[PDB]
Amino acid sequence: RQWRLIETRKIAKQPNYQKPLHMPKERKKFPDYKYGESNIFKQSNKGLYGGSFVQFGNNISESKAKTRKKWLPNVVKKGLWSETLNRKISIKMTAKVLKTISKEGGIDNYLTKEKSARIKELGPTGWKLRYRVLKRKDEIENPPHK
Amino acid sequence: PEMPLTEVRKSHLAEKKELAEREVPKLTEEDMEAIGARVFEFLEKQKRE
Amino acid sequence: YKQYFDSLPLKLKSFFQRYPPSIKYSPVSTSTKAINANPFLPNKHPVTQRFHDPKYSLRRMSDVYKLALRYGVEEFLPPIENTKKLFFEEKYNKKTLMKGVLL
RNA sequence: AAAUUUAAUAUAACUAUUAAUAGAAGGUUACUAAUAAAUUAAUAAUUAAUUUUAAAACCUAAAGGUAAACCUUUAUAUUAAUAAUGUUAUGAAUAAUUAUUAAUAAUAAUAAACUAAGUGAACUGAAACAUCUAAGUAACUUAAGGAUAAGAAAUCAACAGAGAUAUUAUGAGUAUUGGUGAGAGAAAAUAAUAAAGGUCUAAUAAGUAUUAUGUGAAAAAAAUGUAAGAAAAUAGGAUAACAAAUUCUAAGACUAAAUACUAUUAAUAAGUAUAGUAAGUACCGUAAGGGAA
RNA sequence: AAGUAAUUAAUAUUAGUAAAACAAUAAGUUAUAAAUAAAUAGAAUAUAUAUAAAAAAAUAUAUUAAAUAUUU
RNA sequence: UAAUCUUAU
Ligand SMILES: [Mg+2]
Ligand SMILES: [Mg+2]
Ligand SMILES: [Mg+2]
Ligand SMILES: [Mg+2]
Ligand SMILES: [Mg+2]
Ligand SMILES: [Mg+2]
Ligand SMILES: [Mg+2]
Ligand SMILES: [Mg+2]
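Chains as they are written, first to last, in PDB author numbering: chain S, 22 to 39, 44 to 171; chain Q, 249 to 297; chain b, 3 to 105.
These are calculated hints, taken from the structure and not from any lab test.
Careful: at least some of the hints might be erroneous.
[To be verified] Reference excerpt, derived from the structure (chain Q facing chain b, CB under 7 Å, subset only):
id, residue
1, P249
2, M251
3, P252
4, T276
5, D279
6, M280
7, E281
8, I283
9, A285
10, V287
11, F288
12, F290
13, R296
[Unchecked claim] Far from chain Q by the CB rule (all over 10 Å, computed), these chain b residues:
id, residue
14, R20
15, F53
16, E77
17, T98
18, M100
19, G102
Note that beta-carbon positions come from the ideal geometry of N, C-alpha and C, so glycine has one too.
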């Protein structure tokens, strides 16, 4: 496969600070997602889609009469257990993604898998979840005092 | 705040560090000389041919 | 001799810089973290038995070999034999003709 | 020895090409919205370069509003500490004003073309029309950068070989293909243009390759929705299919240069005075919008 | 205020060179051999020969080449 | 019925 609608997204490169005319009031809680939020099938940003998007193609008849149609991924809203968070997390879930999760053994595992492909096929929400989980894990491992 | 490293990532980093610790096979001057000599010989052979 | 070496093509020189002939690189596949590990061969990592893709993509390796051949310096490279790529005269010699040609 | 002419040059035109270099405020009306140096070189004034420095009202989606150039908050702010001061109740306590010191937030005016991505007509052509065509074009929408994209082969080739991309000559209107109509149309190879062009940043990659099915650059796939779903270099991919043989290593990455568009400078004009600076004004329309002399 | 431009193709005329031409980095284009769907086939007055269908080889049909010399 | 889904607090 290819992650063409993820790895093609580009975000305004930040100027690092050794002030700007408009600085935000709050503090960036989460680390910046490499690929940013998708401006294409924004339904996907709410949950875990595995880099699957709406396709647009042609309905074709017996007379070869083309007529535009769309294809949706099989999204299902699904509350799934996270050992690290110690609670079930409900999200939108392409059934493929669900299957993958099942295979890999847990949502935490899915989130915290290293490969770039996995990173790509998380959403911004997915990224956030991953951050939460890994941070939690770190905390568990390493209390402030050894 | 930067995302914390994953276990696998950490391991990889460690491995990299270990690799770095060892001496890099730097090019030997003697070796270079030898190579040059070989090249010269080859050239001579070609000329002869 | 040094001058001659310098004269050689750039790619070859570069290769020499990181993989000199002082060390004898193993003919067969190895650990990826051994220092006698051949760049041209797909070596394996000890932790996680995963064959790493060759440190020189095949094409590049082939090019390097060709360059070496051109300036006589074949033996100072590591051995290619275990990659199935042969070159020029030897290849011609050792080629078993195809089933379709023979019968 | 002064004038006259000819040709060239401005702060003072635009347009096309070529070469170089670089990637930037509008309005409104007024309590009008200003400057100050230093250092270095040239010759105390000097010009230039390199610098630091003052001011700068209001408006131009997002301090919060509104009927743009207004209103509303109240940094001639609040809190704390003190100091002089007046009043009250009991030297100590409470409130008020002024003055110093400290603490605590302040202001999305920002291009256009070029690039990438999402969706994606129709007129039209076919001498009708529905497959096809126009066309992944216009248009709308989103996002980045000085450029972007691409890029070091799971590529091409043919048993001889080459060796990243980009796009120009040829190849070639050839192969390929099409209601085999309208029509569409490669690649290898050889040349130019180009830059040092190679180089690790992956503990080397599955819900991935692949298959089935629905779509999918008129010719060459790579993509993709839905479900099935591998293998360790003793292994994978590449061709209707199989057998040989070749070749490359997917599911991890970075990448200057040639290129596009803008702006400036320089040059060249069998270019423009109805393509020669006014004005996006007058005027027309509720408006988008049109638009003179 | 109305037959223009670009990229091609075919004819003509004139010029350059000419069994070669253009380009000359290497390619490539056209010509130099006709014919056949294609294939391993292909030129001495014609009555000889080449290719196609046919065939043992000719004939027969079509087109081509071929006449002390100096190639088209 | 700790599939999925609907409403109220
Ligand atoms: Mg009001
Ligand atoms: Mg588009
Ligand atoms: Mg880039
Ligand atoms: Mg890239
Ligand atoms: Mg087309
Ligand atoms: Mg691999
Ligand atoms: Mg690779
Ligand atoms: Mg009016």
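- Can you give the numbers of the hints that this structure goes against, from lowest to highest? Those not satisfied are hints 1, 2, 3, 13, 14, 16.
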